[PDB]
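The primary structure of each chain is shown beneath.
2 protein chains.
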Amino acid sequence: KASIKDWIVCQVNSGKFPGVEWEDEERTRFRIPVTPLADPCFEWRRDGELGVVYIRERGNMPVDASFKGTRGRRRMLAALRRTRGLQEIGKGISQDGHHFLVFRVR
Amino acid sequence: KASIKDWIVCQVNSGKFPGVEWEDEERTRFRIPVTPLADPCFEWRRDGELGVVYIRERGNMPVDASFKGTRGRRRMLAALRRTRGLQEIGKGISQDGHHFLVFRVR
DNA sequence: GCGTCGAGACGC
DNA sequence: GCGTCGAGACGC
DNA sequence: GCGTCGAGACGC
DNA sequence: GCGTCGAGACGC
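From first to last, the protein sequence lines are chains A and B. Residues in the first sequence are numbered from 3 upward in steps of one, following the authors' numbering. Residues in the second sequence are numbered from 3 upward in steps of one, following the authors' numbering.
The set of hints was computed from the structure by calculation and includes no laboratory data. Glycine included, C-beta positions come from ideal geometry on N, C-alpha and C. It is possible that part of the hints are untrue.
Restricting the straight-line Cα-Cα distance to at most 35 angstroms, the calculated cross-link-like pairs of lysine-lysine (DSBU-like) are [as the list claims (entries may be wrong)]:
1. B:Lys-93 x A:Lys-3
2. B:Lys-70 x B:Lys-18
3. A:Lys-7 x B:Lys-7
Heads up, incomplete: computed chain A residues facing chain B, CB under 10 angstroms, no partners named [stated by the list, open to error]:
4. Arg-86
5. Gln-89
6. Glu-90
Residues from chain A shown here face chain B by an in silico Cβ test under 10 angstroms; the list is partial [as the list claims (entries may be wrong)]:
7. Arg-83
8. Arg-84
9. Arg-108
Please take these sequences and the hints and turn them into a complete structure.
See below:
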């Protein structure tokens, strides 16, 4: 049971999820893709998978079909925001069309 | 009920509670007294009352004798740390001996 | 609300 | 001296 | 009127 | 700390 801060830092470091990435060499700012499910540029591995990994690794309930979209992602974002090691600092749209949130590691 | 950010800002503004005060004229940083109950400098009106006001005004559970110490303050501080409009940024001690936490209004 | 740490009163 | 057990503050 | 997001009170 | 469930605003 690692801290949320350490958990997310390892996920970003891993490079396992496209768009879940550092902005800087100093690794103080990271992006979390948040493209709506209804958007034509939603991509599962980018916008959906991390949320599922959060709920499988941290959640305390069975991971059923209701998590095939963004349910786990919503839960994960709430976890990141309420962590004192992190702080949402902005958001944007990439030139490839996808939506992201920006967090800073304190 | 007001948002928790609006709730605490109003409490600080009000000057009801000694030590529950702004650090700056710009009202971006406030202090919450957190002197421990068994510390020789503990003063109810400063270190205890606000926490009980939190429980009375925000909670739904009976306000019994269990809140005659720092239980309410504890629940309040947790709520303050978790709210997205606020960030705990420090801690201090004053010349009268009391301890405080510092929050920034974002 | 529990887990870790460990006050200080106690036994020898 | 140095063991016992485990206050009340605080991290989780 | 429902779906997504996610307030903040709660348990431990 | 960090899970639970799910306010009321808003997109659909």
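Give me the numbers of the hints this structure contradicts, sorted from smallest to largest.
As far as the earlier hints go, not one is violated by this structure.
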